[PDB]
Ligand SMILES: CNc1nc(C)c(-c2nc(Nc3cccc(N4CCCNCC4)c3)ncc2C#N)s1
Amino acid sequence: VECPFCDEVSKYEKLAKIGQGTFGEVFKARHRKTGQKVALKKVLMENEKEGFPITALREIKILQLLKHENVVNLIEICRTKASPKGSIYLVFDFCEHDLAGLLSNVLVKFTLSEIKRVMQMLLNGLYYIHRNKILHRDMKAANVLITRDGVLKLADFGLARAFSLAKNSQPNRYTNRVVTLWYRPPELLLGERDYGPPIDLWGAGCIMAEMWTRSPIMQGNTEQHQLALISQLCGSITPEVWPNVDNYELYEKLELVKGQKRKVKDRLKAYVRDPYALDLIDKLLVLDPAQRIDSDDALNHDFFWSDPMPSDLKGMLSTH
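Output the coordinates of this single chain in the form deposited without the named molecule.
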């Protein structure tokens, strides 16, 4: 069975296992001939039902479209000769760290100037993916990569999809359950199915605050718990701040969480310090997605035009 366009994974030598996932999940590797370091992600198929997971097909279809500096790059898709099963692997350019790990390590240090560039790179990635009608849908520290050279990359488009620029007609019915709990926007937690770019931007805000807090700022145990935390931080969700939020079937479930005052800047004050930084985190963590700032305008916020301007990430990456 010829397969001129689907090279066998063997061409890659598994150098090590990335993180602690499944047996043969993510693998670091070297091209047996160029020595090229690449990351091997197996298309996990426990979703053995309807054939090749559509969710996978999307990731791949999307990865091959998005070709931008701040977007992880898909090299090729390899296979493993099958018999009693067959597997498929995605070959990515290997990336040294993830924002999750760097912030976890009590050792790594960031200068306001350095954060500013991490952010400016994140938002630039988003703006690109969003301008190509693509929603990430899985925003979180762990999926924000940084290379040895200090370049940011948005990763894991396994839950990503296209979206429609339909200011026009009929509302869109996109998949509601998406985005890890801790980085999920209110709209989704209320059942929203006609969301768009603003969901990634709410993650962008949860992340930005992490650069200073060094850990997820809202860690709910349940979806209602999450909503409670969000309320305690961004304020009670009411039609006052969220025009027409009443209509959400699930809203009638917030009844008891109704008195919080927006404490965003206050609670993050002790960590951020910088004013404009407190400002953009405040504008990204806006309850009504329609009033929430977008990638473009975030990229033109004073936080990106005021001393200290953005500097590379050599310092932070200080030999290790």
Given for the second form:
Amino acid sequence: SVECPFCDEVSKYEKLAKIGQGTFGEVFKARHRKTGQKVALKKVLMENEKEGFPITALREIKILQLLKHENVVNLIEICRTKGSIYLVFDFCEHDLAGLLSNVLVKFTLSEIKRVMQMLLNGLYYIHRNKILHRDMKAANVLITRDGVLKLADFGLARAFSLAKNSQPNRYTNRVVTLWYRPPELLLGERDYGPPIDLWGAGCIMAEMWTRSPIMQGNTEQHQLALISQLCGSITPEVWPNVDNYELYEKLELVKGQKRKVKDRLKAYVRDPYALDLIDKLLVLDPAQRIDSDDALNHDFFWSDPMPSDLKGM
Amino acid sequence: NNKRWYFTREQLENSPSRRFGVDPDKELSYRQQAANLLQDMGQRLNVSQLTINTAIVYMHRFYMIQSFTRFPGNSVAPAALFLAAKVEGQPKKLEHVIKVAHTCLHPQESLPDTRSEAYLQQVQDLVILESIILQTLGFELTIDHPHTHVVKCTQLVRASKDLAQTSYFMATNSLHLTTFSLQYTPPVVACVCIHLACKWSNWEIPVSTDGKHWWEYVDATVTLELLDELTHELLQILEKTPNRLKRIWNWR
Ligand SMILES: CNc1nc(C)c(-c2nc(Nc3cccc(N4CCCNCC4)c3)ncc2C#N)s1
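Output the form deposited with the named molecule bound next; the form deposited without the named molecule has already been displayed.
Shown next: the complete complex, the earlier chain at its head.
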């Protein structure tokens, strides 16, 4: 057995409870054996993995090491076993998917504002650092016992870059959970950017009132149908040049639909500014879709009641 | 943290290998040879000079923790290169790296039947080694190289395509020949390379109008005393290296 100064055995942590049975890899809550510090353990899956240590895990590790921000989950260290490998994270008490699916739990407009503010701030940070999260959803948003929101699960995340030379980036199209997946991807885009994360932000924002994912497609075509029933239908008038995916034709998307975003959500949301912001997040053309910087500036965050702390709950 | 992979000269004398009886001079070679094996394989695997440089740094750092007496450079280089290619996004296949490493180390010898037990063993050995490297480096795999900094600096001082190419050359050779990577931040090494390339080309960078020397635009810590001490050390080993200087020698 061999010198290993910088890679501690995960046995330093004491397992308390599984908390991720069906969400990607197994996730454990655990306790530092000396200090009691609560952490989250994620084992790195090795299901062939006929190519040594997963290139996918290297990517995530690289990205977690780069990202250091109040609204991004914090990778403490990586542990071995004596054989397996574990990502060790600071523990977060709540998960937005959980809080939202809990009838007991209640949000004021003021808190919802705060949540969206932290989330958008996290996105601004990761994007500013050339990272696309690619898996925006309620379940990937955590909140600490002290009401700090953290973006989590960078397992599908990837660095991105700008242009260039009129040679398009060829990123993977198979990204983002179906319900949260933006139009671009569904129409076959491989040269996409930060706007895909913001579409997801939209879906989550709406979900803060509806308490449920606004568009629950079963397949890509069903998803594209649902999106059209809400945001109008994909038109080169609405979305300049959309007509040029080899999937524009094949999709045979609906064409009577007209934008119902504010009408269909009008019920739950009520607040004019909230509805306006959500509307500008769920925009069809990625290039006309609001960015995190403008979103943070939106009157929603600068009118009464001003955003407040997450007290109680 | 920040001073984790930078060592004092005194620390370099007391390396894991010394501890096991390997002379300082001997150890140095061991390093230069690993860097050579990396460069050779990397070129045949058709990976970038950047990826090769990454595996070299991995190797340098690896041997500040492990000893050459326990882990031979011919074992580590392939694993290191295999890892660096995955990290730099030029992934090469495990079976492919094995093949290329085999021909390098054993030109005459014949590759084992991929069906064999002996071959299955070496596949498994590479994977085990990659894991020992990951853990020795404590999963710190993002490497800053002098080259980034060279380019920037040599543009700002309007060096000829030639001067700039020579500086990039010095940068690459500092990795193969020296332990500068274990001692000096990349930006400082970049200054050392640009300085030497100037000396070698008879080029002089004009003192800015503020009376600031170029390297001051590059790193606060850097001084001419340091630069001359370092360019000298680097030039000396280049002189020992057969044919290396020939490559940048003005034959006219
Ligand atoms: C989505 N995958 C995840 N990986 C990690 C390591 C997560 C994580 N989770 C927590 N705490 C926490 C609290 C309550 C619920 C949950 N889960 C169950 C419900 C849906 N599935 C995932 C969330 C998790 N704290 C820190 C991290 C991190 N990193 S989540």
